[PDB]
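First, one chain by itself in structure tokens, the form deposited in one PDB entry.
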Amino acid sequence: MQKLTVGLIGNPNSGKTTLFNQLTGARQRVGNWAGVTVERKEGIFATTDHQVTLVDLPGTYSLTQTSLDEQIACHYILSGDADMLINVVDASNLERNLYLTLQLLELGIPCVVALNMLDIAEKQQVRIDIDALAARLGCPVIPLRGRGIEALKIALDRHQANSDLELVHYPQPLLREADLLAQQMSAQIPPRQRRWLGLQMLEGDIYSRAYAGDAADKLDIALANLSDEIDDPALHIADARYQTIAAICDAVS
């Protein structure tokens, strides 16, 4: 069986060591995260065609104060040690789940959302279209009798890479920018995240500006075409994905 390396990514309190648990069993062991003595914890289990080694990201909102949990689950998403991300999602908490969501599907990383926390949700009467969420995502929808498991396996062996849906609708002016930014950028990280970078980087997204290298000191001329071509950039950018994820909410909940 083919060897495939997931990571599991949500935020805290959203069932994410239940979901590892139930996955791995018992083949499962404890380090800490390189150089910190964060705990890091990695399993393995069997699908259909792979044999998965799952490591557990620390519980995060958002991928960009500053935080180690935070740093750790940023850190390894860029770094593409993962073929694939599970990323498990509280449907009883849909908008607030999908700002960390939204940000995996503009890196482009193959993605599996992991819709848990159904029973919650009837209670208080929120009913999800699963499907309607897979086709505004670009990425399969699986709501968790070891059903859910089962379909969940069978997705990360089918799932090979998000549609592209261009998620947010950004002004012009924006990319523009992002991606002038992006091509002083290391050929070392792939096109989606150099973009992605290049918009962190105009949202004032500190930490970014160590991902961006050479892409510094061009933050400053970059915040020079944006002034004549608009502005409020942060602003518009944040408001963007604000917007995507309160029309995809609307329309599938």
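Think of the rigid core as the biggest set of C-alphas that the two forms share within 1.5 Å after superposition. Numbering follows the first chain given and starts at 1. First, how it differs from the form deposited in another entry.
Put the two forms on the same core and the Cα of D232 is off by 2 Å or more between the two forms.
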The other form holds:
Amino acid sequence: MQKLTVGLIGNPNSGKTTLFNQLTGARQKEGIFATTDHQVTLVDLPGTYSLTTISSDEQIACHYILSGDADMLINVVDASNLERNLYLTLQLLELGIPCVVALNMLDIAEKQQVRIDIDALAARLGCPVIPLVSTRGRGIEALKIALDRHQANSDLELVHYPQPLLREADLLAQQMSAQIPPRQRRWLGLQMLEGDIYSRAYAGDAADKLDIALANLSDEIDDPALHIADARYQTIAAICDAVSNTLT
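Right, the form deposited in one PDB entry is done; let's see the coordinates for the form deposited in another entry.
For this one, just the chain is written down, with no partner chains and no other molecules.
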């Protein structure tokens, strides 16, 4: 037996607490349950649509995610609203924290005639996708196996960012804290280029080494924030069109 700390992260109303209660066998606050190989400390985090805030029940999950307290995340995704839910999923995968997708509410998806190829999605994301109906306890055993087996997400180029955006993000990834892993550093630097207020606190040579970067791009990109978000949305649409019935 090894120890694992796992965070439940997902949009508001995606079924995180329901899944929490199922795993921990809660009576009708950290949880603890056993898998085959792990004693898992489980943290139910407040819902969030995104790890980016430009101005402001959480940016609590983000701060929790970046604290290094979690070894792995369970990203709870509502299957009936896939494309909307996948924005947060992509941010987590760009960050590189080991994760498993708990693709929840599949009974609701089925009622609305939504079809998702589970393993196709997993191969596009580079992490396991475990189908669940959390209210029914369906898929929990498979989720527990995936927590014992998953070690690291696949190293995919997920989002296809214009090279000028990555040049200037990577320069910032060179300034900052250096302790903090490269994947996280480039992520922090794109978050900075989007106008995220919380990410400078995690830098090193921190804040407005950003003003040089954001001016180094006027010959190239008009609104970097909009270009970064758009590249993300494009990626998610391409995934949903391939693995789901969303194209038509």
